[PDB]
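Let's start with one chain on its own, the form deposited without this ligand, as structure tokens.
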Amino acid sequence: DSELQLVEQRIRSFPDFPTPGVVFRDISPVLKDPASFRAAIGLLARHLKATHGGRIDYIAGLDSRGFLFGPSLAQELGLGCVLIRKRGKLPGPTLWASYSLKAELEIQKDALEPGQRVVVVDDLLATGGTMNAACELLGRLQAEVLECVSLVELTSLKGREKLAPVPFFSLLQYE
């Protein structure tokens, strides 16, 4: 897959960041190369249309690296994008949810109406703590989370299991 290769070629791996023993998979070069970014968005959009047809109402992007992809993916799909932010940033009435990093994500109580169907996007799935918190917040708005997606998944951390029974899809997988 030439397009998937365009994305994989622009992942930069940094050993021992942020702590010794791990490897940080940096999506920065994907953003810097417009052909790579277009490829990433297209692959995610194509997967989502092939899987949900027209059932998706909104994309939810996760603060902060998910913000890089959410609006472009939403645009490609003809949809709006709603924001899930670190706590303290959003005006009006909010809900929030913890997750070990303790950190907290937040959403405006009026971000979605009950029954609206959403796909959550972030750059990278690791432990799945952040994505889990996002799922909880959306569920508390009585939104239906159709799927969570990322560019990169770290399979040995088993974040995917943690989101079950919500489906997950990543472009690329590393241990």
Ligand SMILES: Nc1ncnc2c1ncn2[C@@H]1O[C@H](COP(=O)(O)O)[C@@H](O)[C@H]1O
The other form holds:
Number of protein chains: 2
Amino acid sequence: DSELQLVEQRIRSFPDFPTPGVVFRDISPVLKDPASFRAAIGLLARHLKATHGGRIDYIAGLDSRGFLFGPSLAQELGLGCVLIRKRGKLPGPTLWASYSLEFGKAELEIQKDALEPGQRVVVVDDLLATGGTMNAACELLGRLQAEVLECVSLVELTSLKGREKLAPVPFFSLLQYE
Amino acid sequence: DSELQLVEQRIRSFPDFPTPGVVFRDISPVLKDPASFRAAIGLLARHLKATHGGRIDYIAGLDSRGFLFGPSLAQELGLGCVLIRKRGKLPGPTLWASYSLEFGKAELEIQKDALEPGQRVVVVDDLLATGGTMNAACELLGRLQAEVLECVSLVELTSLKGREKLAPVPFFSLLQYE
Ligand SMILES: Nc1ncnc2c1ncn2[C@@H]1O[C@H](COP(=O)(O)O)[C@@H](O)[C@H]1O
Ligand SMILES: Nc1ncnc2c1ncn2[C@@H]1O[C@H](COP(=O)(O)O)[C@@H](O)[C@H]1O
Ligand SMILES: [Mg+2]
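Could you switch over to the form solved in complex with this ligand, since the one displayed so far is the form deposited without this ligand?
Following is the full complex, with the preceding chain placed first.
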């Protein structure tokens, strides 16, 4: 698939960033090459329409690199985008959820009025690793009584088993690395 | 302008967040309403094409809320988007710049290969307040020997004199509040 190739050739890997042991996958070149960015959005949108038909109400983009894909994906689908943020950034009543990151803990947050009960959402981030971030996003959406139809990313790190962590919520990635 | 009205009517204002006396301008409803988001991007793109013609090489989006608008704006103009991030987030060789934020300092950072000398860029963020954030972005881009043609935002808080801070770099906002 030549479209998928346009995305894969624009991921660059950095060993031992930001700390020894981690291989950082940088999506920055995807954003800088408009053909690559369009390809990524199109592949995601095609997968989602093929899997869900007209059942998706909103895209939810995750702070911060998910913000890079969420609005464009939503627009391609004719949908709105809701935001899930790092704690402390959103005004009005919120809910929050932790999930260890690094050697400690961190929290995502959503506005209590971001969605109505029963609304169906697809969550997008750039990369799925342990699944902690996406899992916290699903927890928050679930607490608003929203139905998470699927989580998607450009990149999945399969040895970290984030897919199993999200089960039974379906997951889809464009590219997989160990 | 009916398009501009579509954006204006989706800015929600929260008094006393995060501190008493400040009014937080929340762009979330713009993202959530696909017609509003499309109107915002179209208004920005129309302004930039009319102002700069073919001079723009790249859009630069600012972490984090600028990430919500940068890629869509770039796609609308047929351009790539480069990223300016909170320090410590980007791999590889970088430049960073401090600036004042609230009661302390913060730092932005850009990859040294984000742009080549002579390339022309427009910076986008959701909102211009003091201008410290946009000013640091301009400094970083200048240090790569890039030319900043303009900075743009959805919202500008005119009493904080951000425009004046950025001068002589031109600036444009869709909406203005005191
Ligand atoms: N190796 C990596 N390269 C780039 N980003 C990563 C990497 N591991 C984790 N992330 C980021 O951290 C979050 C995923 O981590 P996790 O919560 O473990 O699934 C996403 O928001 C990613 O942007
Ligand atoms: N009243 C406000 N409402 C919403 N966001 C704000 C407000 N003031 C500052 N910001 C955010 O902080 C940054 C601009 O601050 P400044 O550097 O003071 O121009 C932008 O990235 C804005 O998103
Ligand atoms: Mg992230």
